[PDB]
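Quick setup: one chain, the form deposited in one PDB entry, written in structure tokens, and binding and motion questions come after.
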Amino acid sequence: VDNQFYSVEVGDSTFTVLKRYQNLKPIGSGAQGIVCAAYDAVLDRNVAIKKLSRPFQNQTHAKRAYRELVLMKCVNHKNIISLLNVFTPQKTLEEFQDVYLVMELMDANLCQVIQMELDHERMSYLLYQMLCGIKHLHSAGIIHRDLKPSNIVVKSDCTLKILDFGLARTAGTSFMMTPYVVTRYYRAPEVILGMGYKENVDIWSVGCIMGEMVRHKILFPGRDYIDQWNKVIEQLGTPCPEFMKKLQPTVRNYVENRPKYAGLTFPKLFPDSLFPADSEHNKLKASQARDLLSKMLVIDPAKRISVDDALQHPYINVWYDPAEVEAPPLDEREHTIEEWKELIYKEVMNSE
């Protein structure tokens, strides 16, 4: 029963895990949960273990935790999180407290990668894999809308996985008591301005990541959506009247009433100084990288490149492989914390 489990203090937290998981060491502790590295003695491989403490404790944690468990079963792709295991040490719904998630151990997140100079081979391979993952989600009917470096992980061999499935179709009120601050620098204008969106909402986030890889700074920092919008228009320019007409008349009022900005060309935004461009190879790849940035970092989604088109772009297309690109492949729920506990328990136990 519970002799299948042991308890060890990993930093501040107590981890109670199956005895197959050995030599726990803390990686991360924050909003989602606490993560540790372990050796899995049954599979003879290194794994990451994420602890969710009482994920049913409010409707935000609860909706996220449930969505993640369910959506895992709708995705089969090497660039998206796969679970090796999920378990709870508690034996009844009454006692049920914690869910543990187990997956392949990765070496770093894309935050650490951004702090490094990458050659064009590594940058384009990372972007290629991000797009493969996003296409897989899109073909499953999942539009992410919150892709960001901290939820993307890599191995030393430059292989990449996306860890999370983004925002609810309808989220509504996401209030929580915490110092845990959500990072929104990578969210599309559609998201920021509460517009309609389609698949290429996620192309804006890839743009913000690719731009950050090149600049080694956040493109669009800011305390809040106001700051963020200002940083967007200062660099890309005020968007055309055409785009304003698609805004709610009240956001439209705010946006159309900001100071106008001409906006900078992509050469200015991403000068030659930032690029590997010594050899003829690297000069050409430098212009192709800028060309792709200029098509992804477009405010109007009707003018922004699609996933399928980004995969056909010469900067990316050198990696193109039908098997990875054309690999074949809930949100409307509002519950009390009592009902969520049950829904999550049934999914962990696999009761239904």
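Numbering follows the first chain given and starts at 1. Residues that one form lacks are left out of the comparison. Think of the rigid core as the biggest set of C-alphas that the two forms share within 1.5 Å after superposition. Compared with the form deposited in another entry:
- Once the two forms are fitted on their rigid core, between these two forms the CA displacement reaches 2 Å or more only for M176 among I226, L83, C158, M176.
- Taking the core as fixed, the only part between these two forms where three or more residues in a row have CA shifts of 2 Å or more is 170 to 183.
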Second form
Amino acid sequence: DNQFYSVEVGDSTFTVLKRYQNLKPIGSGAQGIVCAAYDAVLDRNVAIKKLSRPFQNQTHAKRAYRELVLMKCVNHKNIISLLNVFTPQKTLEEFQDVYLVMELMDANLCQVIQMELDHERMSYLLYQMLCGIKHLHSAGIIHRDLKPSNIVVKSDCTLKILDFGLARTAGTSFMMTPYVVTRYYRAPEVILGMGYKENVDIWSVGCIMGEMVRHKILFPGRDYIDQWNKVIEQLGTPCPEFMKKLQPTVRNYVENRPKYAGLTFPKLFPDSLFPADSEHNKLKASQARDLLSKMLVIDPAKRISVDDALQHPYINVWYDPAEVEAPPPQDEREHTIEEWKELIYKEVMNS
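What would the structure be for the form deposited in another entry, rather than the form deposited in one PDB entry?
Below: the lone chain, stripped of partners and molecules.
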């Protein structure tokens, strides 16, 4: 339409409503390309993400669809809120591309992770992640795949989570895919198919926190086997009560491995990794390790809750009940490509 215009961006074309001006690439990911733009209607800077033919892959289709639907089920400053959703195509038959628009953020969390460790920044970033997760949980959404690639940050250290994680059933049966999926941030109970509760998400917060300290991914498994091995190498073989919760076939798989004692948290995260040379810095290194030791707990029956993390002395200087308790607003079958296409098209057309 006359309502759209096209901009060349590397290999791609962004065909966007004319309100969006001065497009500039940010970059690309598994789920689309992103540009910054000025929105002349709102008089503010936005990020625009293009989803190309998401209906052509069942995993991509389900993600796009569930994320359009769940967008309306949350309302919190630490979770994505779309300003606009559109397609330049005019009929179901011609439909190919979805464009999502939100507030422009300044950086990916990975860029912050690369910066020198600072307790005020790390604690504030973790506090916001935990506020977001708590909000998701109150809306009935237990994420199970929180990772730095879906977290963005502004220059004022404010943070947003951009995705809603896994289908409800994921983590209720053993995880190995026909191809590589990375699972560096997924909880033990999920990857082993044990079922899960809310504190499944605390594991992933612990992975992120640890990564902030080390500047390195904690458990970078090459495949599902190596993933588990990176975990037990560092944290130790889990307790028999945890093994007893495994389906017998899974239990044999898990136990047919070396037995590890695990390393203490001071060895996992040495003093040298933290700011030194003041009582404040010594105490904060101790509190950070304490919190790490409570989140990076293989057995979810022994792992800290979201509320306990929020109330931990490392985090709680930021605690504001208006942020922590902000309330959310008042179907996962499989489908063919054509079914997914229509479902997604209908969601786009209706908001």
